[PDB]
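Just the one chain here, the form solved without the ligand, laid out as structure tokens.
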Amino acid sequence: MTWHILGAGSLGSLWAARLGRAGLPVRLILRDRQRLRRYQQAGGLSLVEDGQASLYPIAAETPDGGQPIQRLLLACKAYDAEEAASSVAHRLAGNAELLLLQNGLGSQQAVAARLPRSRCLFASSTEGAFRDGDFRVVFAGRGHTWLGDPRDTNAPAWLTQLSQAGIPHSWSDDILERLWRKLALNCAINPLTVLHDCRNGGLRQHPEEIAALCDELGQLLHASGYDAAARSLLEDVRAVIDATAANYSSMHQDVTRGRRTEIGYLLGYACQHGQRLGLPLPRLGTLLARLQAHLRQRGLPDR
């Protein structure tokens, strides 16, 4: 019943540390043998909570070696999920279950199609963590993780050992309604924060734009069958603005650091989904066209 962890980043290490320190079998899957040596010279994962650093010596390995994988946590970026899961597709057993921690939509379905003999569970986390070195992660803020599977709504029995490890979670019968809620939340805030180069509190100065975006995002939510999310969206957005008024959004921090943006699974997925239907979403489309041009202007990928 080993917890295999693919993607020893921010969320990946935070999960690996909490699972391993609670006595559960955990195994890190690092990229190559070079990373495995750099991990063994460090001695384990360093977790920083309220300034206090602790060393968790979690066993690690490479994709080629190891035992069969019956439970895998995919904790990489959405644009790397397809390539990550395929690197250990040769070790997946017939009863393997995958926990997909990716943000947005699109990559989860791509992983499910690439691995049809495995069960892919969807997750939506609000926990905060960032890296401060190759094997050092700061537990920046507590949060919650929703779980669920659209095909198989029965909850697995191993949810209890997530509680033992201190990992807050809840099983949702309609997990896609959660992901669409968080996706529409991301589209109304993060693209404008990049184009205007401002904190989330700065969006108060653009109230007409927020209302126009939430309107088109509300139509997209209703056509997707999520009526409750579309009615409360405008007030859900304004609540997040006040709660994170002093913060820079995640997409703003990616562009600032010259990193790739998960746009292809957030605003890009939303504009494509409305096209698959029949909804004209012009303001979301021009917002996407501006954000793509903003990314290309700095040599960053537009997808």
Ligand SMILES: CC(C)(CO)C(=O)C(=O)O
Given for the second form:
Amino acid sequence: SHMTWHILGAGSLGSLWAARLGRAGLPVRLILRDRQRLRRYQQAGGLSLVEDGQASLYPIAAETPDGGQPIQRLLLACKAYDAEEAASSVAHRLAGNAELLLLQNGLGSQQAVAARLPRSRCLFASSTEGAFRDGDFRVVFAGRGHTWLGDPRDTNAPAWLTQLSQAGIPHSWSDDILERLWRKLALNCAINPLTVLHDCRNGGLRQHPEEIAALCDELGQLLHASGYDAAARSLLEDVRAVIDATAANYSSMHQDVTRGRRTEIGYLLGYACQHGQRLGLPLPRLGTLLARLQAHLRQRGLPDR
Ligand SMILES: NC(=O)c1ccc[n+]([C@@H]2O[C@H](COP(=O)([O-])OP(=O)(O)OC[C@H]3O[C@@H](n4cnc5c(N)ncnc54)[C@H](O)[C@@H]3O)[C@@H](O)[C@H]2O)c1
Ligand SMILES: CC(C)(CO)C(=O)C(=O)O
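Form solved without the ligand already given; the form solved in complex with the ligand follows:
Every component of the complex follows; first up is the chain already shown.
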């Protein structure tokens, strides 16, 4: 017997983690937004996970942010633009020894979450697992992936990693986790903004070879000035590699705009532009790219941040 896994943000990845953790015998508790969400979830009976067309019900225990026991280990699995507000809703339940697993893409929310929960350890995650919602409390395990974990302040790995190994959650500890998240971010900036502006699948960016190179050019300077020469070196070939590998998919940001939902631009292309200005590094093509993408979002009534 050991620590309960508290899950905040019962979305795509949050339900996928909650299912694999709870079904492997580990103590797991979903933190649902409010009691209405809670009594709906109890009318549903649990989380429904769809694997290769097969649905399975996982009657995981759930609660609201106000009730329950202290939280010593929490998996934050909401969007980056909700992470700070989400973590604050349970700040009254963190224990001081509490550790937080931040399953947020991009950068910005992790620092903002850690700033508001100083008595708690905030670990950074970077995941390539595919999962999408098919109704409330139903998630399809779309694609297998890998999750890098790491703490920039406390680089020693926690002993509960092997619990994730027991649960079949593939992960690797990284001592330079910031180098990981910066690699995924730079890849996002080179691909996703143009997929939205050109309304194309990732394979459509082959028809824009020069423009892809100049963005990787400026994204290369940004990584180099940030201390990641390796990421800056392989960046262009890593971008061209992912393109042909995902040539048939629409990007996550293209899918967000298609559904009329908010994007994570403020923690991806916006954050990268914010960091470049902070580094005194002129990044004009990422700047005009950010301008065109923000106007593209406003044109549809979507938040440009
Ligand atoms: N395959 C994937 O889905 C995938 C892959 C890689 C990274 N990510 C990242 O994981 C994070 C979540 O992605 P997603 O697809 O699962 O989003 P999602 O919309 O499907 O899930 C978000 C859940 O958190 C809850 N949420 C938001 N704010 C909340 C709050 N203040 N209090 C309580 N709950 C709150 C939402 O209700 C929702 O159930 C994103 O940052 C994403 O970039 C997802
Ligand atoms: C960031 C990137 C390039 C990863 O494949 C992407 O296309 C997505 O998130 O949908």
